[PDB]
Each structure stands twice: as structure tokens, then as C-alpha cells.
Amino acid sequence: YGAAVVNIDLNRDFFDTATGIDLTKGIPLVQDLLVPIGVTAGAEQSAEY
Amino acid sequence: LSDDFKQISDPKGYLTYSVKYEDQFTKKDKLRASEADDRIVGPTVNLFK
Amino acid sequence: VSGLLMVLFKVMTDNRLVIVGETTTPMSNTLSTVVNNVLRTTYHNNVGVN
Amino acid sequence: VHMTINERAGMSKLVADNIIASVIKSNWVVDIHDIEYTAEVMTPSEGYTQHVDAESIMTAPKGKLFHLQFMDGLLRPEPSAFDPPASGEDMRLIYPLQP
Amino acid sequence: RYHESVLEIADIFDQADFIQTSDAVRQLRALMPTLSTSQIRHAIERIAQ
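Quick mapping for you: the protein sequence lines, in order, are chains V, H, Y, X and P. For the first sequence, position 30 matches number 228 in the authors' numbering, and the numbering has no gaps at all. For the second sequence, position 4 matches number 153 in the authors' numbering, and the numbering has no gaps at all. For the third sequence, position 40 matches number 287 in the authors' numbering, and the numbering has no gaps at all. For the fourth sequence, position 6 matches number 1142 in the authors' numbering, and the numbering has no gaps at all. For the fifth sequence, position 17 matches number 956 in the authors' numbering, and the numbering has no gaps at all.
Calculated from the structure, these hints are not laboratory results. Hints may contain errors.
[To be verified] The following label-pair restraints were derived from C-beta to C-beta distances: (1) H:151 / Y:289: 29 to 39 angstroms; (2) P:946 / X:1203: 50 to 60 angstroms; (3) P:976 / H:156: 56 to 66 angstroms; (4) P:948 / Y:288: 30 to 40 angstroms; (5) Y:280 / X:1153: 43 to 53 angstroms; (6) X:1191 / P:976: 37 to 47 angstroms; (7) X:1179 / V:247: 19 to 29 angstroms; (8) P:946 / X:1191: 36 to 46 angstroms; (9) X:1179 / Y:284: 36 to 46 angstroms; (10) X:1226 / P:974: 45 to 55 angstroms.
Where a beta carbon is used, it is the ideal one built from N, C-alpha and C, also for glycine.
Let the hints inform the model, and build the full structure from the sequences given.
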């Protein structure tokens, strides 16, 4: 009694870091898949989604 | 047999640009405009300050 | 006139092959629109002045 | 006027301020597009945890998605009848258009 | 009176055992940046390892 919001999303468990999948934000963010090659990666990229 | 060519990596060039600014107007502090652009553009904006 | 005979000589005996060394394949998103709609995929590392 | 920025790259400084000043002192309606963000609702109590600036929202790299939290406030008990009043309060500067 | 943009899903056949994939795969494709040869090779390697 007194819950503000109760929303649904991807499971934090089934898709875990054992498969690279990481979602603290609410968005499934992987660390490397498609990337600039000659150039060094970025600290944050929209491509990581 | 007949040794000839000698390979480089980045070519030189015979004709080049040379600038001569004067002070009272110049601002040698700011050399930035973007991120992955400041490495694709300037020097092509730092020789035209 | 002697100095020009040195320029003409240097170009005459110039044998240089160009092996592609160094590159980048910039991710389509960061360099944007005006600078993106101008480069054909991969550029070098030492883009000069233009 | 009703502004609409598409290229928030070559805009540079000084001009990035005349836009962010005319919105305050003239009631301009500005706009951005290349900005990408991940939004998550926030409970009325506990408040904000992170606050960004209006100068950084004009210099953020094209493909770098930052998160900016939005406040709720549907369930918040109003003040008691006896308490000190208020003077010229809050101004909010940003809005999502999704929803 | 101009055109528009839609998708066909290859429903004009009605022969089974073919066209297994549906509309939705295309939508996912036209969302990422255009991948170069070396990027595709890298992306294959990463998912594999």
C-alpha cells in the first residue's frame, strides 16, 4: 500500500553479464559489437544500444 | 634484379599552404569545435584561425 | 636560375611508391551531416589542409 | 519565435548563449534533435540525484547518449494550513516530446 | 497525389517452407549505422567469442 510506479521491462537476471548484456539504465547496453575501428572507442555511444 | 622504388606511407607534396596572422585579433586558446570532428577537420581550422 | 635547376632535378629523380599505412573507419553517427556527407567511408590519419 | 536546431555541432559559443538567453528574457521556444537520452521516472520524495546544465546541452557530442531523470509528483501530501508563504518560485527549462 | 512507404513481407506466394522471417527484421536493420567490411568481420568475431 503506497507504491508510486510499477513498470515492466527486460529481466535483470536471464540476460546477465555472463553473456555481455548489461542493463542498469533500463536499456540493454552491450560493451562492444559494432564500432569505429581505426579510432579508439568512446566512453558512451548510442551504438552500444 | 633491378632495385628501383622506395616506399613511404604518408606522402609529402610540393606545394603547400602557409599562413601569417598578426596579433591584436588572434586567439590561440580555443582549438576545438567537435569530437570525432576535431580530428577530421582542424588542422583545417587551426591554420585558418 | 641555379636554384630552379635544383627543383627540376629533384622532381626528375623522384621514385616513391605509396603503401597504405594507418587508417580510421569513423562510426557514422559522431562526425555528422556536413562532414559525414563528404567522406567516403575510410580516411587516413594525416588529413592535410583544405 | 519557434526555433528548431538540427545541427547542434558547428553552432559554437556566443551564439549558443543568445539562444539560451532569448528563451528566458523573451519567451523563445527553442528545439533540439541530435540529443539522445534515456529517461526514467523519479518519485516525488527523495528528489533529484543528478543535475545537468543548459550550457552542456549545447555541446554534448552527437552520438553520446546521457540520461536525464524526470520528476513525478502525483502522490505528494500538500502543506498544512499554518506555515510560511512563498515568493516567485520554480522555473523549469526542459521538456520531452515523446512521451 | 503522392506515394508513401510500406512493406510486403512476401505474402504474395502462399507456398510454405519459404519466407520464414517476417516484416520486423527489416525494421531492426534500418536503425544501425552502415557497417564496413572490417566492421562486419569484427562484429562476427565478437559474438562468436
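We went through each hint and held it up to the structure:
1. H:151 / Y:289: 29 to 39 angstroms: holds (34 angstroms)
2. P:946 / X:1203: 50 to 60 angstroms: violated (33 angstroms)
3. P:976 / H:156: 56 to 66 angstroms: Given a distance of about 24 angstroms, which is not inside 56 to 66 angstroms, the answer is violated.
4. P:948 / Y:288: 30 to 40 angstroms: holds (32 angstroms)
5. Y:280 / X:1153: 43 to 53 angstroms: Given a distance of about 23 angstroms, which is not inside 43 to 53 angstroms, the answer is violated.
6. X:1191 / P:976: 37 to 47 angstroms: holds (41 angstroms)
7. X:1179 / V:247: 19 to 29 angstroms: Roughly 26 angstroms apart at Cβ, these two residues keep to the hinted range, so it holds.
8. P:946 / X:1191: 36 to 46 angstroms: With a Cβ separation near 43 angstroms, residue 946 (chain P) and residue 1191 (chain X) satisfy 36 to 46 angstroms, so the hint holds.
9. X:1179 / Y:284: 36 to 46 angstroms: With Cβ atoms ~44 angstroms apart, the hint holds.
10. X:1226 / P:974: 45 to 55 angstroms: holds (46 angstroms)
Consistency note: the structure conflicts with the earlier hints numbered 2, 3 and 5.
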